Amino acid sequence: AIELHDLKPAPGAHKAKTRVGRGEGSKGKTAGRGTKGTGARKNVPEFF
Amino acid sequence: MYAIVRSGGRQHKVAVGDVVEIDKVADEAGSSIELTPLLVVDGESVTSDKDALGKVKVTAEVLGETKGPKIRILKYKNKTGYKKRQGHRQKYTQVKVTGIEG
Amino acid sequence: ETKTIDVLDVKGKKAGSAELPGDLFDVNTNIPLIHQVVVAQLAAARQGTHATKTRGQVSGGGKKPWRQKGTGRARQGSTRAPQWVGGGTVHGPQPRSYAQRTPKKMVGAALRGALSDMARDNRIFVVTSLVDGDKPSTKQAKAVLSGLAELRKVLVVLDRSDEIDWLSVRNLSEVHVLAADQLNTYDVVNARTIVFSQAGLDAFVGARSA
Amino acid sequence: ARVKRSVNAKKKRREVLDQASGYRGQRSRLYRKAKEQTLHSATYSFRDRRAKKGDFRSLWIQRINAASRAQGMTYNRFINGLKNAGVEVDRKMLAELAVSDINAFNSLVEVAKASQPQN
Amino acid sequence: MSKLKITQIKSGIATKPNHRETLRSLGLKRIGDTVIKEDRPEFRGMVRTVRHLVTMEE
RNA sequence: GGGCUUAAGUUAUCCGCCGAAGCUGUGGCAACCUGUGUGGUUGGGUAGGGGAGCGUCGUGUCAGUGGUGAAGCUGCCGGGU
Ligand SMILES: [Mg+2]
Ligand SMILES: [Mg+2]
Ligand SMILES: [Mg+2]
Ligand SMILES: [Mg+2]
Ligand SMILES: [Mg+2]
Ligand SMILES: [Mg+2]
Ligand SMILES: [Mg+2]
Ligand SMILES: [Mg+2]
Ligand SMILES: [Mg+2]
Ligand SMILES: [Mg+2]
Ligand SMILES: [Mg+2]
Ligand SMILES: [Mg+2]
Ligand SMILES: [Mg+2]
Ligand SMILES: [Mg+2]
Ligand SMILES: [Mg+2]
Ligand SMILES: [Mg+2]
Ligand SMILES: [Mg+2]
Ligand SMILES: [Mg+2]
Ligand SMILES: [Mg+2]
Ligand SMILES: [Mg+2]
Ligand SMILES: [Mg+2]
Ligand SMILES: [Mg+2]
Ligand SMILES: [Mg+2]
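So the protein sequences, as listed, match chains k, q, e, p and y.
Start counting the first sequence at 2; every next residue gets the next number (the deposited numbering).
Start counting the second sequence at 1; every next residue gets the next number (the deposited numbering).
Start counting the third sequence at 3; every next residue gets the next number (the deposited numbering).
Start counting the fourth sequence at 2; every next residue gets the next number (the deposited numbering).
Start counting the fifth sequence at 2; every next residue gets the next number (the deposited numbering).
FYI, nobody ran anything at the bench for these hints, they're computed from the structure.
Every residue gets a Cβ at the ideal spot worked out from N, C-alpha and C, and that includes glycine.
There's no promise every hint is true.
Here are some chain k residues pointing at chain q (derived, C-beta under 10 Å) [claimed, not checked]:
1) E25
2) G26
3) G29
4) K30
From chain p, some residues computed to sit far from chain q (all C-beta separations above 10 Å) [as the list claims (entries may be wrong)]:
5) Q27
6) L31
7) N120
Please model the complete structure; the sequences and the hints are all you need to start from.
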């Protein structure tokens, strides 16, 4: 007699997706990359 | 007849029948509290010394809990992206002075 | 717990008896497990035919709108750039499948727990059949209302020629009809009671039993 | 699931335009310009709620100074006299006494005079 | 043993990390904070190390 | 800056006071530690790391609700960190 509205996930099983670049109260603006440089825009290869 | 009394680290000039905005205290509404007096003036007669102020009792009763104005804090600094929002209400307690008995 | 219990076949009034095997119809109801299985079920049910045109797929926009310098306008590379009205969508939806590869043991166990919860709550009835001879919806509406309430599941299993019961209960709109080989956790949880046909319960037990 | 921004977006704009409902020029009409002034308004209000203590203490001290100098006693000697006499009536009640009950304030002045070190 | 009484009169800001760690070891945490220590040479040493930040008594 | 040597200048010394979001008093909030009756410590903050949430749209389920007026828009009176 659970009924579909009593089904909930275990606590901690569904971590909230972090949404970046959506204000300065979170990972905002630079989006966790800092300022300028290669890493500001793409990446650096692991073999480099 | 009036008394300079203290309550919660803040002083008031009270008289019998006055309503005073006291810092929140644990005593429940309708009960009675004693406000510590720091001065008594009965008209050209000023009781000021500790020994005599010990004998005088300012008695008052609790009316209810009232809230202060809603305060909106927005801490901000330019060119950093920093902001911090906050609010405050600062509940107090109504008091009615019922008597200043020497 | 693995207790096998006994329910009584009805056919409206009374008939023989049927056994709930216990190893299924009496197991734990892992709510998180059931939730995951049901969510995966609905995700598989999703169709996901949604699409947008990127800046490369929007018509036109091949040439630079104007010179890079000298005009006093911002540097633009195409009229279909995402910041333009009528330009491409950057990270809009694309067609995809939402099906999740839930393990067999998880899916089955969830089904067992969902069945077991209302087996312990006494919401499974077994009937020899509904309707006799030719097939109406009035008859079975009665058989089920005599059973209890109107948020129902029916099992008739007989996938090829149980047209009588299937077509009788097909049009109730508060009855969900299934073959025993398609019980599935979503429908079991959604059901407030299950009524098995004798053959339906027998075939489900035969398909899965220890 | 395309989402249109307007219904959610207008809420902060209405809040800020309400908060800026006495400002001059663009500061009370335009959300962006009102937003800049509300930052300054919040900073000023926070700073002034803490400077208010000092402002009112200064006002009380000036009034006490005037009232005691009317009795031939400077503020510093008056406060030292009260401290030595052990009367812990504060700058606020003292200023209210000076404005309202000048006779009680003068009696306190006499108390301070008597409690002076006389040295 | 005379139970030294040490109180902090100046802040630790801009002082040397030596001095700040000495204050922490003495247990002083704010200006005006007071601690009681035994008349032990280590505590006399801490007091003389931060002598410009604290006052001592008996 | 006004003005100041009739110091309101320099200097030695003594007695007071002013003075910060420091300290203390009082009231509220929060993080952490601790034996878990207490209490202790802490809470400026950019890049950035961690944690917990608000609001919008779609949607399963249950409970509903709506021309005796939904959505949206717009006043007033309130509420929350
Ligand atoms: Mg930032
Ligand atoms: Mg920005
Ligand atoms: Mg990073
Ligand atoms: Mg950058
Ligand atoms: Mg940049
Ligand atoms: Mg750089
Ligand atoms: Mg970098
Ligand atoms: Mg790296
Ligand atoms: Mg590569
Ligand atoms: Mg900067
Ligand atoms: Mg192209
Ligand atoms: Mg231009
Ligand atoms: Mg190009
Ligand atoms: Mg288009
Ligand atoms: Mg003056
Ligand atoms: Mg202060
Ligand atoms: Mg402080
Ligand atoms: Mg304090
Ligand atoms: Mg912080
Ligand atoms: Mg701090
Ligand atoms: Mg940061
Ligand atoms: Mg209706
Ligand atoms: Mg809508």
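Hints, one by one, checked against the model:
The interface hint given for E25(k) is met, as the beta carbon of that residue sits about 4 Å from the closest beta carbon of chain q, less than 10 Å. Taken as an interface hint, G26(k) checks out: its beta carbon lies about 7 Å from the nearest beta carbon of chain q, inside 10 Å. Below 10 Å, beta-carbon pairs count as interface contacts, and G29(k) has one with chain q at about 7 Å; its hint therefore holds. Restraint check, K30(k) versus chain q: the minimum CB separation of about 6 Å is within 10 Å; hint holds.
With a cut of 10 Å on Cβ distances, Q27(p) stays outside the contact zone with chain q, its closest approach being about 19 Å. For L31(p), the requirement that its beta carbon stay farther than 10 Å from each beta carbon of chain q is met, with the minimum near 19 Å. Distance check for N120(p) against chain q: the nearest CB is about 22 Å away, which clears 10 Å, and the non-interface claim stands.
In this structure, none of the earlier numbered hints is contradicted; all agree with it.
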